[PDB]
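Colleague: So the chains spell out like this:
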Amino acid sequence: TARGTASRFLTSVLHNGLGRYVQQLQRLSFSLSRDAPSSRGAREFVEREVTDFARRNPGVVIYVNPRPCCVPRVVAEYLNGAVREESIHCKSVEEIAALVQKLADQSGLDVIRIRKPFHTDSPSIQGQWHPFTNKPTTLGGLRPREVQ
Amino acid sequence: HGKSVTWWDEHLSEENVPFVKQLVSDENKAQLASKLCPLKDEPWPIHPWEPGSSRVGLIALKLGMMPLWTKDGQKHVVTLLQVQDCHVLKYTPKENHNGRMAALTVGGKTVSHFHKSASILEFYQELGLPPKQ
Amino acid sequence: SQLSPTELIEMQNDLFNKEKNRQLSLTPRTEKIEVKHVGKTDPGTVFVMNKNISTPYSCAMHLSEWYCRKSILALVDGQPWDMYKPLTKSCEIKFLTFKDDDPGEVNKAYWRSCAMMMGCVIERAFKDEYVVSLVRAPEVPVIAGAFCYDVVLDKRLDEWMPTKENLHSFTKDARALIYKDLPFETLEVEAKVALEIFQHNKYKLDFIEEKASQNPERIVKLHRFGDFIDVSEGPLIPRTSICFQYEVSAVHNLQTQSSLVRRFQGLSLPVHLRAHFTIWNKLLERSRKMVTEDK
Amino acid sequence: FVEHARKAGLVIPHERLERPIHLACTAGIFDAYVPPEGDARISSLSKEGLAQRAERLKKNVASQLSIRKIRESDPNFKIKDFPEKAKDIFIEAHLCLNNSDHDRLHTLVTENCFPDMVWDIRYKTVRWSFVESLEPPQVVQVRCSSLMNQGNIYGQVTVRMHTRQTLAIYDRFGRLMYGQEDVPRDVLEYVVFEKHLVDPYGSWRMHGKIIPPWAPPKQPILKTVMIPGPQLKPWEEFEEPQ
Amino acid sequence: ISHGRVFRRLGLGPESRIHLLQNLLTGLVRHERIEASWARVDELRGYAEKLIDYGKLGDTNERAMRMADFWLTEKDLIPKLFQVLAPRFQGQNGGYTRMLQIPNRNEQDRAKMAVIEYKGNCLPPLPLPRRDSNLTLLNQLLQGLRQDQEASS
Amino acid sequence: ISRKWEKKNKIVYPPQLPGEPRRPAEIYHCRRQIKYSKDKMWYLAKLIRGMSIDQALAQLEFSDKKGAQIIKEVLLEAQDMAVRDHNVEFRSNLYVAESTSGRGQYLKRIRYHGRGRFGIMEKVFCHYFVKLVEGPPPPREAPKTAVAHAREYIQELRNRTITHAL
Amino acid sequence: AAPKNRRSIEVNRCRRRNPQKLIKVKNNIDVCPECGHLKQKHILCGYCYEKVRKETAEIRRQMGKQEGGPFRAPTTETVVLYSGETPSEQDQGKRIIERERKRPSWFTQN
Ligand SMILES: [Mg+2]
Ligand SMILES: [Mg+2]
Ligand SMILES: [Mg+2]
Ligand SMILES: [Mg+2]
Ligand SMILES: [Mg+2]
Ligand SMILES: [Mg+2]
Ligand SMILES: [Zn+2]
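Protein chains in written order, with the deposited numbering: chain Bg, 2 to 149; chain BE, 42 to 174; chain Bc, 30 to 324; chain Bi, 56 to 297; chain BR, 9 to 161; chain BW, 45 to 210; chain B5, 79 to 188.
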């Protein structure tokens, strides 16, 4: 609900994408069990896809730990200092894949109501409206009833 | 700052008490007997009687009621009213009050300075009368 | 010596500080001391305190705040002690109030403090161009309808005498001085370094030489509040703000053969005793005349 | 308060408790050696003090009677070794009150000692340092006590010791109360150690700390303190002594 | 509406309030100083004061006598009225009585309590309020006005 | 139940490094199970907030309330514990930081009526808490001057923005 | 009449936290010139009045000792004495009360 949450204007992290675009995702930590069924999809993903994804994205580090865990989890972390938590719990390979790619393309910025779609610095080129702008001046700059 | 409640009479010794009282009452008699003589002081312009005129009023003290008779034989009751001290206080010109008639402020009987407020006693010391009720 | 008004200030103050930290540099290293309470109120009472640090004010805080609101002056032995004046040796302390039976000590000290204030108010109320040489604080008895302070002013300034405007300004700044609450602080100096503080004011140095003349040890008694420092006889009240109703009544010029000296007449009262309006006015009328007792 | 209402509440019935209360220690210090009133000036002369101590040790009959019962009950025992272990038990005891480790503090100090050194200090910060022992620890005397009930013998070895210590006591809000950590103050302690004999675990302990009569008044405390006169009721008049 | 009513209504009614005042007056005249409820005492004060001007009418006057008969319950007290109380009051017309207000009662009901007294009783002096002395800075400041009101006359 | 307040006086801090501001004293003290009501209590404990302790005892002393005495004793207790158990110079250097009442565990009784109806009655109990802080009483807050309000107003007109504008 | 709706804690607050319902600060509080205790300006000192009350009580007892009945009251004025005192001629011819305490500070001889 709008009045429930915070908000943020639309923004770039460190003015990203202007000079050169920099993938904002820093590291990923997968935790799964070699044994448990819950991790099943995320095991297969680790086999086949992870390798290639790593090659897809040099900028991100990937830490993959089998541990005795019952709920498969992946934790994104961002240059923004932001961290995001996720469950890969009981998902397909296709599913996981799509999700990691979601994490890949995010700001790291928080998901909150974004007040308006456009962030513009100095929208006002050629002027910014003020009351007088369309009013004709008179001779001597006199008032309505002022005399000289 | 816990500043305490204070009235006048608090710290006065047995000695200074009647001195304060006499001092005040005396300056009262002086103050009243001074303006006892209006016409020689600086009397304002006296104007003739215009037809649509309105005279100043008074402040009185209701004394009692008393029967009184008419040459015709009928009986009345009447009010004993006593001016005690009536002194006009300030004057507001016509346009500074009603925009119609100018207003004349008038005072009542005299009372103790000790029990009134600073602002007021200041106003009176700039006139020079004792305090009115 | 080419010197600014602010520089005078910085000098007197910094010297005062050097003196203070010299009294502190005796290396007492917290020696314990003891005081007994001879007061009518809380007998059998005892204060183990810090020698040459703790004050008779800081003694009142072991009793109650009541003492602290109430007490202007402290009698230790037979002597009046200012409230913030640190105690020297182990002694016996009594406390003193405006409403007590024989205030005369207190009353004097009040008149004193009162004068000192006005002196300060005067000094800094005059243009940088002119010269104000502050003189002294003549000590009158209380039945005298005012308190007094002596001031010499620049020779081109000699002709004028004030308007109730100027006086009312003095009074305004006086109350503005009351407002900010400034402690009264006491230091004891040898004449040698005391004279260096005053310097340029001649009459001051003279008074220092007299005072340190009648005392064997060349002892000068210095009082300070905020930026201002004066030498006076006797103790002062503890806080600026004890004064409530304050005035500069009149000024009256008087002239010796060798000097032209204006006397300031003023009148004031403490919060505790505060006078009603009419009364206040009458005292303010008697405060107008010249009141002379220098001897 | 010492009070009992015998009017109602009767008398707590006299019990034989099935277990006799087992005390590791006896509180009392039997015989207190009172050091010479000139021990400050004889402490700057090495072979004056050391000579008087060793002399009064060899010469005393009680001392060597007690060291005889200790030696005959407890083999491998020596009086020339002891002031070493004793000076150690100290530096362990106080180092314990620093860290506030009370588990070791029981192993070291005696039943009578613990309540005191722990009690009033337990909410504050204690930081204490051991720098110099100016005069090495001196064994003053030994006392045995025979309980004919238990056959239990309690040896108590007295160690008079000169020391250099830096003590800083902070109050529970973080502010300093007693003394600096920067002054390695000179202290003269008269100390008492105790051991239980019949005990198979034979621990050697700190029993008590005694201060001689003329001992120097301690460091001035920081905060001012008020000693109140007697509280008066309304009808009671005050009276002042000369 | 109470306008110009001179008596507070106490006890069970008119007569009750009178016998109430009977006891209070009895006690006053025996013990010479009593503490009681502020209103009751303030009220009583009038009666206490006029009883003494009946006493001043001498042992012989009949009106005065049966008056004191009724108003003093212990008959023993009637002599003390005429012989003791009335003669030691001669010079002073109305100044018989001191009534002061005492701190509120320390019972749970906490009433407003006063103490009432015959001047020149023999009892410990009530700790009355004193005016400030004439050494006070203020009064002292007035003595100047005083002496300069003497010096210009 | 809950006893928490009392145990706030067991908290032992790390010593102060030199040069830092000396931290003021703090004392938590409270009485439990008072025969007073919670509310009537409230007013008393509201009366004394902010005052210097002697001021507090001044007011407390002369009031007619039952609770007056009791709060009073707690304040004396608090004072003396403050200087004795903790380290404080100057026992009049205190002020009241926090003063309040909680409700205690209530007894339950019958209140008869007539026609044999009965209300259920509560015998009331209550707790009083106070935290005392050594120092000069924190200065009471003056109403904003006109100069404040105007400043606000302007600050606001100058917070304004055209909205939905980009 | 029966209340139609439970009131809010807000409304209840604004009723009973109202300034008119609050306990006001009494500013006439002072200290006793004698015992340094406290009293309101217009009222006797409780403590001093207590010394008084006690003494009065004792006196009344000792004058219940000199009186041998419920109804017996003297026809003369009475005066009280303390350790080491004597009736003056002015004060002789009166009933006397002999008490053990030394004459107190506040009480005068008269
Ligand atoms: Mg009426
Ligand atoms: Mg009734
Ligand atoms: Mg009346
Ligand atoms: Mg029935
Ligand atoms: Mg039924
Ligand atoms: Mg209910
Ligand atoms: Zn008293």
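Hints listed in this document are in silico derivations from the structure and should not be mistaken for laboratory results. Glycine residues also receive a C-beta, built at the ideal position from the N, C-alpha and C atoms. Hints are not guaranteed to be accurate.
[Said to hold, decoys possible] Part of the chain BW face toward chain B5, derived, beta carbon under 8 Å: (1) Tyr87; (2) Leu88; (3) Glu105; (4) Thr189; (5) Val191; (6) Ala194; (7) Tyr197; (8) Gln199.
[Said to hold, decoys possible] Computed list of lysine-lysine pairs in DSSO-like fashion (alpha-carbon distance at most 30 Å, straight line): (9) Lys250 (chain Bc) with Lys233 (chain Bc); (10) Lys47 (chain Bc) with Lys193 (chain Bc); (11) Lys99 (chain Bc) with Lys278 (chain Bi); (12) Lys157 (chain BE) with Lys311 (chain Bc); (13) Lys44 (chain BE) with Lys127 (chain BR); (14) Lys76 (chain BE) with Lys311 (chain Bc); (15) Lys102 (chain Bi) with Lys62 (chain Bi).
Colleague: Please flag the earlier hints that this structure goes against, numbers listed from lowest up.
Modeller: 4, 5, 6, 7, 8, 10, 13, 15
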